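Engineer: Here are the chains, one letter per residue:
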Amino acid sequence: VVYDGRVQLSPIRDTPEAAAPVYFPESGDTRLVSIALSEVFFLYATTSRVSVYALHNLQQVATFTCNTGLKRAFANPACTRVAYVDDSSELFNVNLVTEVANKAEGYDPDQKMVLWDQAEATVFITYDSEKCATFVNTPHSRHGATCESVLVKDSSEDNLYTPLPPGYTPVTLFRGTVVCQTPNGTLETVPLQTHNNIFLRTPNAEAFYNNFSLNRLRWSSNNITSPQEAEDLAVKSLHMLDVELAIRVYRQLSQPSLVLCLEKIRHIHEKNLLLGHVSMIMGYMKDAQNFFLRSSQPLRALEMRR
Amino acid sequence: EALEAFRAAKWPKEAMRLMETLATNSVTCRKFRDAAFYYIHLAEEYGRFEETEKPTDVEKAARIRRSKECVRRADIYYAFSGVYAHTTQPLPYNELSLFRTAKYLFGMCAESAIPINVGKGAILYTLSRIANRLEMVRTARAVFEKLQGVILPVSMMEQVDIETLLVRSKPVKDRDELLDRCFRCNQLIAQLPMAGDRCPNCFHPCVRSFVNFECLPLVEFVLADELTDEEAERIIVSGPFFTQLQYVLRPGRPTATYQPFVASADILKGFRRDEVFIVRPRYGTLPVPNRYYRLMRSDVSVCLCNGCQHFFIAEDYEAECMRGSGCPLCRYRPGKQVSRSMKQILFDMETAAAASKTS
Amino acid sequence: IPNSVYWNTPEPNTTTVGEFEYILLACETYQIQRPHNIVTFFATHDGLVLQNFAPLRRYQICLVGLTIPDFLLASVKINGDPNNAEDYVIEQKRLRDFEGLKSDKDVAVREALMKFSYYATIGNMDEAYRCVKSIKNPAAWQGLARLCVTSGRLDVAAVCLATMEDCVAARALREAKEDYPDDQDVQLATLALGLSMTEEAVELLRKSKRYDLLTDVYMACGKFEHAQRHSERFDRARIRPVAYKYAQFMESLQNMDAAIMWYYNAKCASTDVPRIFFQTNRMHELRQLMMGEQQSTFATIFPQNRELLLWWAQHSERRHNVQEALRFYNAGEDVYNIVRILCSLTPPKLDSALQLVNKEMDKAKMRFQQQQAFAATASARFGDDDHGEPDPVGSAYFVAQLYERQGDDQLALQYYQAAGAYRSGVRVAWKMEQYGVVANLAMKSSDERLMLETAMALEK
Ligand SMILES: [Zn+2]
Ligand SMILES: [Zn+2]
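Residue numbers (UniProt numbering), protein chains in the order written: chain A, 460 to 765; chain B, 863 to 1101, 1167 to 1286; chain C, 691 to 722, 793 to 1051, 1073 to 1241.
These aren't lab readings, by the way, just hints derived from the structure by calculation.
Heads up, a few of these hints could be off.
[To be verified] The calculated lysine-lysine pairs, modelled on DSS-like cross-linking and capped at a C-alpha distance of 27 Å, are:
1. C:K1212 - C:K1225
2. B:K872 - C:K969
3. B:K1270 - C:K1140
4. A:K745 - C:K896
5. C:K1144 - B:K1284
6. A:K745 - A:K612
7. C:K969 - B:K875
8. B:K916 - C:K969
9. B:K1284 - B:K1270
10. A:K723 - C:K1140
11. B:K1270 - C:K1144
12. C:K983 - C:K1027
13. A:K723 - B:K930
14. C:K969 - A:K723
15. B:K872 - C:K1140
16. A:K745 - B:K1008
17. C:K937 - B:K916
18. A:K745 - C:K937
19. C:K937 - B:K875
20. C:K967 - B:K875
21. C:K1146 - B:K1284
Construct all of the structure, not just a fragment, from the sequences and the given hints.
Structural biologist: Put into structure tokens, the structure is as follows:
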């Protein structure tokens, strides 16, 4: 409960054996902004730090310090990923396990509310009273963990023109459908423009592109219509260290030497080695060298350089 | 059955090819116990030559290296079978054995190459989960922080993240009864072992069982250059170190290469006959020197499967032999020679015809 | 049969054309809508050396001129009208060994490429190596690598690959050399595959047998339906990898139907079909199958798969459902697990365990007696003291353990010997203050340690 700028954590069933409620934060220098609670994790974000505690013992486990301040927080339902807006009107995805912040590319701070999808843990939405946009965070690509807004094809920075349909009030997200609590009280359902046709396996360009942009690559392989899409999917599957899908796509693409090379590395799970091999396959020898060098198999840049 | 028949009737070329195809099929179809058996007997077959051909020493070395590589691959696949089963199949396990198995797999997957369809992700996830469950909190934290540098299946990271954050709350105090003990350095193993499953302190490889992967009380010592394996057996049949062992741990030594103990004649005279184990690597007809081990704690019963020449706990090996396939690794059955009674296959085909002609 | 011949016409106002470039001859030929071919020769003093053939398409009517690097053909449009007299447009078909011509003013590169083509037709590629060093167009390096494939020289070919930075193909060549050092044809096939020519792998070692590698190549081209039908008749040792690869291909396609049926067809349903059902959280359907027109195909095979019965028994056994485990083990006739469960239960169902153990001892005795009586025909004249014994039954072990927990160690010793537990046999035999059984069990163990320690065990 948040009162007086402080949160009390208390059991509900008042029993004599139950412990006393506790009060957070411990230092009153930082003003609290938002909290979230899970089955085992208590998360609270001040204007400075995001802190997570284990409910069974109440000990600090993750404490990510926002150097640029904190304006709002939106924790994922599992209380591990926090999309938080700092004072500079920019949105950052924070993995509290690694305590890593990633700049949400394409984030327009007009939409200031963030809601995680309750089915897929790698999709959230940014909305205001007017419209919403979709953000996908990849946990490991060749560029590390990323978070990018879904963009219209043939549009590198901007999105499509959106004449706002009146009256809609987005409230919750689930599987690309937004439950909107209308003023009348009934719950309308708005399908996301970025999640349409994503459940048809017939050849259709829109289905492939939408599942492509959401890191639903294996699903998207069912909707390929042209070999250009196939090679794009192959490049992207190599991009996010998915060896098996890389082999599956390249089997159609008629590049047997690459397939037989990938089948030797489809088993290795260390991230550095996969990054090195994939960068070498794509042709980025320099990055591959340091990737192998900081790996556990350093004597692969030697064979590469020979 | 064709492979067994080829094994009986020499002809090592076709036995070689068929064993390659079978080991490859076992690896690609993830039949890791089958692959381990095929590789451990393929290493033994690599010493088989036709009587018409006498190989050079160059070819003998070129096949000794592949014999040792296949022994290593067999050990890795046999260890990895149970861990992969626990990770993917919804079957419980033995906690301590799976913990030590993942520990050994980490000790063998560090710097050496990784055989096909062996994933570090499964090993790390298994070791992390079991160390968390077995209150091996420090090692659980180490494996968990190492796990972030390893990708995982698309439906694993939620529980992985929850467990990584949860284990940070737990106090860091590992129990000493679940930690491996290196008897050469007489010190426990707290840190994660390096490549080769060697001791963190004195670089000594761990003499492990191959059912539960427990470091048996055995140290490895190689004979001096003036002694040979034949002479070692002669002096064993025919017939202080407290001061010596302290000098072994002296600083300044080159810490990039293992230094084994050296055996002289007088120390072999002073050695008790029951306290020495002789390992003869059965790579075939190839000449490979016999390795020697010393046992100092007689309270643990150790054995060596003659078809496999791997160390086991004697009672554990006996219990595992009752599964109807001999040794769990090489499927060796005592009381009969290498060439079985292959007429059993003829009766099996007779019984197959009978079952076809029942109705 | 030929129709016309043409020399390389030098370009107007271009007197800097090389000498060898003057001697190339092109001939238009057709076999006996006829096929069209354009064949190239080097008119050397020693005779006519054939350079290369070039088939022409249906719209490519004929050849009108030659001007290096192009055959000038008065063809028609692909979608045009051959009946039209006005659709006769000229096409400058590139010479096959003049690919990657980015610059039409590229003079030195073109001359050295023509010299390389001449030297390739001559063949002795040692100086054809130097014919291309001046050239930095990588297409010349690719052509040189194709020549290295056709000839059979690889030390040049390693540099040919590694100067184009095809690290995939160079890695493949290095691995082929390292793993298959005795065979050079496989390294040639790997090099040909890395050079995007694929029909050559079968032709290389077709009948001298390398069926596995061409199976892998046939899979790697996406032609599973060719590889499986090839291996069914021709390569019987690798049907299971073809099925398993197709099942992995379908699983990565997110089609659990074909993936599951092919993981069944690959005889790996003991570990992989349960994997798919458990990781799709479809365990209710698996329970339904173990205890809809298209579901007929699944239910035809699933409920009686002995490996599936055994896996479900293990699953329910470790799910603390002991009785369902016993039911499924008896449905899968796994004697060892049944005996273990029965000897583990409270109370231990000892009589049924003894019955099943003695039934397996009966079958083992039957096999030993059959083989012994079969062998005794030639042993009538040949006196052989072959003390063969029946195969011991491992399932008896637990039974002896029960007597080992009940003080009936004399009874336990018989089952330990019947199980082959020589170490447990001598473990039992200690408390009798017996030594002869100790000694003979040590002998029967046929392992050095078992007498090596029982020696000084007896000496004390
Ligand atoms: Zn040590
Ligand atoms: Zn063995």
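Engineer: A separate judgement is required for each hint: does it hold in the structure or not?
Structural biologist: Checked hints:
The suggested pairing of C:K1212 with C:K1225 holds, with an alpha-carbon distance near 20 Å, which does not exceed 27 Å. Annotation: proposed proximity of B:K872 to C:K969 holds, straight-line Cα distance about 21 Å (limit 27 Å). The straight-line distance between the Cα atoms of B:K1270 and C:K1140 is roughly 23 Å, inside the 27 Å bound, and the hint therefore holds. Of the supplied pair hints, the one linking A:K745 and C:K896 holds, its CA atoms being roughly 22 Å apart against a limit of 27 Å.
Only pairs whose Cα atoms come within 27 Å are accepted, and C:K1144 paired with B:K1284 is accepted, the gap being roughly 20 Å. Straight-line distance between C-alpha atoms of A:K745 and A:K612 comes to about 31 Å, which puts the hinted pair past the 27 Å bound. Between C:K969 and B:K875 the CA atoms are separated by roughly 14 Å; this keeps the pair inside 27 Å, and the hint holds. A C-alpha spacing of about 26 Å is found between B:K916 and C:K969, which places the hinted pair at or below 27 Å, so the restraint holds.
Between B:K1284 and B:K1270 the CA atoms are separated by roughly 21 Å; this keeps the pair inside 27 Å, and the hint holds. Straight-line distance between C-alpha atoms of A:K723 and C:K1140 comes to about 48 Å, which puts the hinted pair past the 27 Å bound. Annotation: proposed proximity of B:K1270 to C:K1144 holds, straight-line Cα distance about 16 Å (limit 27 Å). Our distance criterion of 27 Å between C-alpha atoms is met by C:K983 and C:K1027, whose separation comes to about 22 Å.
Restraint check for A:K723 and B:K930: satisfied, since their Cα atoms lie roughly 21 Å apart, inside the 27 Å limit. At most 27 Å may separate the alpha-carbon atoms for a hinted pair to count; C:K969 and A:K723 meet this at roughly 24 Å. For the hint linking B:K872 to C:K1140, the alpha-carbon distance of about 37 Å lies beyond 27 Å, and the restraint is violated. Between A:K745 and B:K1008 the alpha-carbon distance is near 25 Å, which keeps this suggested pair within the 27 Å criterion.
Distance hint between C:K937 and B:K916 is fulfilled; the C-alpha atoms sit about 24 Å from each other, no more than 27 Å. Between the alpha carbons of A:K745 and C:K937 the distance comes to roughly 26 Å, so the proposed pair stays at or under 27 Å and holds. Restraint check for C:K937 and B:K875: the C-alpha separation of about 20 Å stays at or below 27 Å, so the hint holds. In summary, the hint linking C:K967 to B:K875 is supported, as the alpha carbons are separated by about 18 Å, within the 27 Å threshold.
The hinted pair formed by C:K1146 and B:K1284 meets the criterion: a straight-line CA distance of about 24 Å does not exceed 27 Å.
The structure is inconsistent with the numbered hints 6, 10, 15, although it conforms to all the rest.
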